[PDB]
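Given chain A's structure and the hints, the job is docking chain B with the ligands onto it.
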Amino acid sequence: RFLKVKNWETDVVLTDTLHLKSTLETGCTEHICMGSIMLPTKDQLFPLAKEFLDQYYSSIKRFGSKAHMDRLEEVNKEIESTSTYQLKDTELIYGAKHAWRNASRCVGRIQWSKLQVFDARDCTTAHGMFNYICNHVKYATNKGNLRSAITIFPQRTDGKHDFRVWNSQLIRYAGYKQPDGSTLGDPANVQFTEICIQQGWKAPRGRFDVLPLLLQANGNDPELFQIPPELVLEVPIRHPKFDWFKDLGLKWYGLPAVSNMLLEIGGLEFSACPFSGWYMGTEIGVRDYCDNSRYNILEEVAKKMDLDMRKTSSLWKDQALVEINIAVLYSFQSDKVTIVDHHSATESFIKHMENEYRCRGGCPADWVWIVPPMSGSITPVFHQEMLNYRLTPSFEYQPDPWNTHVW
Amino acid sequence: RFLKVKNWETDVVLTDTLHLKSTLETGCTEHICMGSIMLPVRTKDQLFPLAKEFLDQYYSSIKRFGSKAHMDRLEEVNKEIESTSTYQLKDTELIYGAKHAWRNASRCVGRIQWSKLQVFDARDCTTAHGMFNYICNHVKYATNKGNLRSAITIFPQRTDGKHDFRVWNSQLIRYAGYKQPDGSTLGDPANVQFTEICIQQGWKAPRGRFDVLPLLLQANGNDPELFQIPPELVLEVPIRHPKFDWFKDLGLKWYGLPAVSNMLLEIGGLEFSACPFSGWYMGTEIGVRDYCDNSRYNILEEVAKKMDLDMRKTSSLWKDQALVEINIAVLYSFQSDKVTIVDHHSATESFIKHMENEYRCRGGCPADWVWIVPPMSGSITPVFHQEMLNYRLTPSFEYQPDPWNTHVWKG
Ligand code: HEM
Ligand code: HEM
Ligand SMILES: C[C@H](O)[C@H](O)[C@H]1CNc2nc(N)[nH]c(=O)c2N1
Ligand SMILES: C[C@H](O)[C@H](O)[C@H]1CNc2nc(N)[nH]c(=O)c2N1
Ligand SMILES: CSCCCC(=N)NCCC[C@H](N)C(=O)O
Ligand SMILES: CSCCCC(=N)NCCC[C@H](N)C(=O)O
Ligand SMILES: [Zn+2]
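Residue numbers (the authors' numbering), protein chains in the order written: chain A, 299 to 338, 350 to 716; chain B, 299 to 338, 348 to 718.
Think of the hints as simulated: they come from the structure by calculation, not from any bench.
A couple of the hints might just be wrong.
Unchecked claim - Below, in silico cross-link-like pairs of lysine-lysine (DSS-like), each with a Cα-Cα straight-line distance of 27 Å or less: (1) 626/A to 555/B; (2) 560/A to 620/B; (3) 626/A to 304/B; (4) 613/B to 626/A; (5) 660/A to 620/B; (6) 620/A to 452/B; (7) 620/A to 560/B; (8) 612/B to 550/A; (9) 423/A to 620/B; (10) 613/A to 452/B; (11) 304/A to 486/B; (12) 423/B to 620/A; (13) 660/A to 319/A; (14) 550/A to 626/A; (15) 620/A to 550/B; (16) 304/B to 486/A; (17) 423/B to 626/A; (18) 555/B to 620/A.
Unchecked claim - Now the stretches of chain A that chain B is said to cover, found in silico as 3 or more residues with beta-carbon under 8 Å: (19) 373-386; (20) 399-411; (21) 561-573; (22) 623-634.
The C-beta atom is built at its ideal place from N, Cα and C for all residues, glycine as well.
Chain A extracted, bound-state conformation:
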């Protein structure tokens, strides 16, 4: 019921007590570990509301004070009569920062408390949403000096009136199926790209076409909007020694902003809550460029480096993977767009884990996601035991809205 985690590179040993306040379920049993699976009422709402305010008031050292009990009565009162309730600003800010704090898949959490929260609960329309969104994109982009932010749309009510950003990220490239069999652009987005055109988008049909936003306000059909180009900071990708690299004509966007997750604070569900930080290099260079089901450029790059592709044992895919990632980090740096390499991002996360053990009694963490997808064991997180558990408030996955939405 108290647990040890050990780092096998440093023999440092940490004691987790924070898992005892774990709420949700992992997907694992004593018989079977699912640690590698990607996706593993008035009466319901009150316990949730309670548990949350208890967390809040304890954090500001007013646990069991007049103001505590009072707000607790107030929220019951509201639950009893409205069937939902509304968070104060301070609770909304706390709830969101804590949801990032509890995101066990997130290596970037040393930054958790500096989150800038934009309260968009007064929004009513997709045009409204589009405005909030551009203001978020501009504030977080900050001409390259990126800053954490989240924008929070109104919470669900009857689930017939949901706010949803249909895009999976605010800024992503289109995917088009082609006559020859293959795919132009980004294969991950192929289906959303069909939906845009099927909702009315004129697509330019290139390799790096910034998708339009598809926004659903208050349960209505969603609407199309094009993000002002001047707000999409993009980096052309070159290499500090390979001349011919720029002739692949690769570019990437500077602002990663996940837009399809659900935020749960004290039993309340915020289905549209786009958030953003900045990239660790490997995300683009290893996954976006090199996954077979993504841009998949390893073959071409190795072709230009004149490496021996005649057998796997020359490690040509590995040599190329390195140079590709050198060319992402260098390009972003040369243009001064915040970016972090996997080495210092992981070292920071170790520091963050230590802090969290010391001050909070633990730090939930999902090893499978924290260890970068190249050079794993030469980052310190590889040697670090982690405990994974689900704390609230949290970010949750939710089904792609087109599967749910009724027209």
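Relative to chain A, chain B with the ligands alone:
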């Protein structure tokens, strides 16, 4: 209950029914996953059900479930258990048993080979000298002048846990580690503790960077004894690089035969506390972990200097660059000297096919993603993209405590 695992690269979904046949706990609960945690005397009463379960599996695999030969073996094991408090495996059962322990080994990416495993039965062994002789023959047979062959050697099972056979080495061939007075380590820091023990037991240490350790062998619960493996039986490979001529001058070599000697093999409830087994290396085991862990030979800095990489900012990926060249060199050196080795692309690709075949034919393949995914270039190998279910089948290889921590010394 059926369980689905998706490969996110290919969209292949597979259905696991095999996890139903599962016994031992995982370490995880519904409230916590311990999937990254490294390590999360038996009564008559509890022995017969285990015996029985195993024999049921056995007779099913040879298509004689419920036969007279099956029923009689049950009854004969039952009777032996009641009368002697333990029981003896037939040869055929032991072979089947050791093979399955390998097939069930969820952290092993090499399992496509499971069915081609040479089992040497050393259950007639009585002494340490007897052990050394068995081990030597294992090393020579498995080495096979560089064309490696997988093999395991099985010493007598535990009885009252006061007469245990153990190999005190963690691998049969491994290199000394020596802590110097200045705090530095000469050789392999993984093996310093065991190296001290050897010296204390009377080993005269050469004290170089690559001294093959002597064997430390315990028979019948007796104090263990030292033996030098004959050097002619120790296949070693100097490491060089196909393009970097200064690479030989780092003075690196490695041994060709990886042979884990500290695990416990469990079959039908019986415990074989000494069962060294060997296969061959995947290149990343040496080139990433053995050479480049900070707590092992730690050569990254030295290789990066010699490459003249920019080491001022980690964002040069000088570490990633050096690491690839080192793994190239390990693969190149082994292939040149005709010693079996496998790269992590080829190994993980093989494992994927093994895994899919295991689902079709067995209804599952327990796998530990944390271990199966290589420690470099994870996502460009297809396992990274493969959902896996981890659960504990028997027969199995288990961890056991280091014997110096448990052994009662005779004097
Ligand atoms: C500030 C710099 C940040 C860095 C460097 C960073 C880094 C990362 C990385 C590398 C991942 C894995 C992503 C993937 O493999 O697709 C991730 C996942 C995640 N991050 Fe962070 N992050 C940052 C900020 C944030 C913020 C501001 C939030 C929320 C406020 C957040 C919440 C999450 C969540 C919920 C996941 C898992 C997402 C999923 O399951 O797809 N991150 N992060
Ligand atoms: C045939 C060639 C083989 C290859 C390429 C192979 C590959 C590997 C690799 C790379 C590992 C991870 C090792 C580490 O990180 O230290 C491993 C683990 C393991 N393998 Fe295999 N293996 C082979 C043969 C065998 C055999 C013959 C057995 C038993 C009969 C076996 C049983 C295991 C076990 C029990 C583990 C986990 C060890 C631990 O928990 O420390 N392997 N294997
Ligand atoms: C099957 C496996 O769970 C899947 O490939 C995971 C592995 N680790 C990951 N880690 C990160 N950071 N992001 C990912 O998308 C994934 N994918
Ligand atoms: C904490 C963590 O589980 C530990 O570093 C594991 C990670 N994955 C591994 N994977 C393999 N194959 N071998 C190892 O020794 C390890 N070490
Ligand atoms: C967006 S919030 C998490 C912090 C931002 C980030 N660094 N990445 C997360 C998802 C982006 C995805 N891996 C990609 O390569 O586009
Ligand atoms: C003996 S069991 C598996 C067959 C041999 C093997 N391929 N790996 C075992 C572990 C070797 C260790 N990782 C090392 O680098 O020495
Ligand atoms: Zn688990």
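Hint check results:
A threshold of 27 Å between alpha carbons decides the hint, and for residue 626/A with residue 555/B the separation of about 24 Å falls inside it, so the pair holds. Proposed proximity of residue 560/A and residue 620/B is supported: the alpha carbons are some 23 Å apart, at most 27 Å. A threshold of 27 Å between alpha carbons decides the hint, and for residue 626/A with residue 304/B the separation of about 24 Å falls inside it, so the pair holds. Among the hinted pairs, residue 613/B with residue 626/A is consistent with the structure: their alpha-carbon atoms are about 23 Å apart, no more than 27 Å.
Between residue 660/A and residue 620/B the CA atoms are separated by roughly 19 Å; this keeps the pair inside 27 Å, and the hint holds. This hinted pair checks out: residue 620/A and residue 452/B have alpha carbons roughly 24 Å apart, not beyond 27 Å. This hinted pair checks out: residue 620/A and residue 560/B have alpha carbons roughly 24 Å apart, not beyond 27 Å. Between residue 612/B and residue 550/A, the direct Cα distance comes to roughly 19 Å. Compliance with the 27 Å bound is thereby established for this hinted pair.
In summary, the hint linking residue 423/A to residue 620/B is supported, as the alpha carbons are separated by about 26 Å, within the 27 Å threshold. Taken as a hint, the residue 613/A and residue 452/B pair is broken in the structure, with Cα atoms around 39 Å apart against an allowance of 27 Å. Pair hint residue 304/A plus residue 486/B holds up; C-alpha atoms about 23 Å apart against a cutoff of 27 Å. Distance restraint check for residue 423/B and residue 620/A: the Cα-Cα separation of roughly 26 Å lies within the 27 Å cut-off, and the hinted pair is therefore satisfied.
Restraint check for residue 660/A and residue 319/A: satisfied, since their Cα atoms lie roughly 23 Å apart, inside the 27 Å limit. Simply put, residue 550/A and residue 626/A have alpha-carbon atoms about 19 Å apart, close enough for the 27 Å limit, and the pair holds. Between residue 620/A and residue 550/B, the direct Cα distance comes to roughly 17 Å. Compliance with the 27 Å bound is thereby established for this hinted pair. A C-alpha spacing of about 23 Å is found between residue 304/B and residue 486/A, which places the hinted pair at or below 27 Å, so the restraint holds.
Using a Cα cut-off of 27 Å, the hinted pair residue 423/B and residue 626/A is violated, with the two alpha carbons roughly 31 Å apart. At roughly 23 Å between alpha-carbon atoms, residue 555/B and residue 620/A fall within 27 Å of each other, so this suggested pair holds. Requiring three or more residues with a Cβ within less than 8 Å of a Cβ of chain B, the coverage given for the region 373-386 of chain A is violated, as only 0 such residues are present. Figure legend: the region 399-411 of chain A, annotated as covered by chain B; annotation inconsistent (0 residues with Cβ-Cβ distances under 8 Å, at least 3 required).
A stretch counts as covered by a chain when three or more of its residues have a beta carbon under 8 Å from one of that chain; for the region 561-573 of chain A and chain B the count is 0, and the coverage is violated. Only when three residues or more bring their CB closer than 8 Å to a CB of chain B does the claim for the region 623-634 of chain A stand; here the count is 8, and the claim holds.
The structure fails to meet hints 10, 17, 19, 20 and 21 from the earlier list, while all remaining hints are met.
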